[PDB]
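Encoded as structure tokens, the following chain is the form deposited without the ligand, with no partner shown.
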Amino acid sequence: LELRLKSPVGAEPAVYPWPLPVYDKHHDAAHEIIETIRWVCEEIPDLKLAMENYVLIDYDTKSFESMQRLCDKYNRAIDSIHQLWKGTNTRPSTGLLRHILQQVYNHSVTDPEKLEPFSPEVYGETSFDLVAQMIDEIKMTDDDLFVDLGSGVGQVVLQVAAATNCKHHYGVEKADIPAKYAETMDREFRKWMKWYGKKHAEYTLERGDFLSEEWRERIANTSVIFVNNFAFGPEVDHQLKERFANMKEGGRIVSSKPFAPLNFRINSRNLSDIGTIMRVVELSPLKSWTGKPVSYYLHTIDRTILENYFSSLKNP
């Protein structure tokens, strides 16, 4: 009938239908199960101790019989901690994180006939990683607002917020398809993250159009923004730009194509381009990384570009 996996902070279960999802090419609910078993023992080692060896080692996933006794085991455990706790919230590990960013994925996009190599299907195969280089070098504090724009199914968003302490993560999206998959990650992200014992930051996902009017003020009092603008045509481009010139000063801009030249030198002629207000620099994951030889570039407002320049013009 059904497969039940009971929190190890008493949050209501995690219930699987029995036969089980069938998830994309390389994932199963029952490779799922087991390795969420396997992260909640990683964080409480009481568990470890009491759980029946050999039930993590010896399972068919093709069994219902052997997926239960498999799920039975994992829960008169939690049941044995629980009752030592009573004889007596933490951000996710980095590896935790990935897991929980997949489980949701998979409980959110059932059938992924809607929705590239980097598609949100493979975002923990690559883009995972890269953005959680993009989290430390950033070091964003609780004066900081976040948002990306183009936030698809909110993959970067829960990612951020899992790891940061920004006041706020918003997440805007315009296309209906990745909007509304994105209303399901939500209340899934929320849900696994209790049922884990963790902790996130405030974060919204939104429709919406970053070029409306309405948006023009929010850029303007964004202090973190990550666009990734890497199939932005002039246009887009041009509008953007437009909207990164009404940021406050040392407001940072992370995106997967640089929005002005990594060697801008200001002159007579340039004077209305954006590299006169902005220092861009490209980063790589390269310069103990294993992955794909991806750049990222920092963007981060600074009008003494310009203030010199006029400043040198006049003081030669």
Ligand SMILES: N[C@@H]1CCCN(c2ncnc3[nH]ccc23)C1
Given for the second form:
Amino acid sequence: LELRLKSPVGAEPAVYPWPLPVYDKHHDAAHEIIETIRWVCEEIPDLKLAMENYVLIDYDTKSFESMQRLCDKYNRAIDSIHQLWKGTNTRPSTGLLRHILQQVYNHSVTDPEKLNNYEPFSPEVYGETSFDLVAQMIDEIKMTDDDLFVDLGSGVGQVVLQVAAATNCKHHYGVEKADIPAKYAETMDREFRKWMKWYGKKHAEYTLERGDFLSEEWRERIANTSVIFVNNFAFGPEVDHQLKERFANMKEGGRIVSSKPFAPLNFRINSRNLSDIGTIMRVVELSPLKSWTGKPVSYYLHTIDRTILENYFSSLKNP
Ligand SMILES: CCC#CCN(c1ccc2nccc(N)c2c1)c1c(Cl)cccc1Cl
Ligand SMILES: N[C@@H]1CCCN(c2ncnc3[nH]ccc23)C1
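Form deposited without the ligand done; form solved in complex with the ligand now:
Entire complex below, previous chain first.
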């Protein structure tokens, strides 16, 4: 007893067991199946044409026969389109990417209680605000093939997967210290590569790794990173202090995007604060409210700029 969805690009079929997995009180694999079919139809106009109308209206998610009929109608339409194409790698749209990431999470994080994450930043609620704010961040910072992206404390790797599907950075890295999210990130990685191949979608290279970003090995890695992403909301003074010492080795123009600023927004260099991180970085608050109708949220963009410090010394020598 199972349900199969044929890939629109001829990759291995998606196989679901019956009874279908339940994700939460209002979300299950049956809705995921329906939404996957709809996304493929939206993406492939010939498929929308070949498939029968009623199929996506008259369905019973609690009936094996009804769900099998729905999958069969989609599969037959896939076969017709493959026959049509017989007779003579793009990035996912934002909408498709939102669906893919949720689907990857649902097939990977089967026991969300294990994460022990009760914050708004939890992987469990990533789709609510984080996905949209990360999409806004990607459009604002505009990375190229010369960039290296690193998420410090990457959880199950959701930000890394989103950024790798959307940008052309040379490489995307996620580093996570905790055992449970790092173990789940290994499944997220496998499921993401599998689903992206199933849809026929391209993504940049990425690595999700277990590790401590405060280790000796990570000092040079942070120094050589052009874009750092970090959810530093819950960081204590020691981790915060140590991380600022790591940032102090980054190159000019290096960027840090975070949930809390590492330096005051109104930093004013003087003789008493020459040791503060504010002397070598610009800091701006980015708010989608400044066609956003979501939560009134913000993130912080830091840009390594040692001319702040240089101008202070040249101003002393040039009164
Ligand atoms: C950890 C997963 C994530 C994310 C997106 N994100 C933010 C920032 C503030 C928020 N406030 C409230 C609720 C949220 N979901 C918020 C998400 C973020 C960005 Cl864009 C840049 C740098 C750091 C962060 Cl953490
Ligand atoms: N889940 C973890 C909570 C704390 C932040 N975090 C980290 N990940 C990887 N290296 C780290 N060194 C210090 C903190 C840290 C992720």
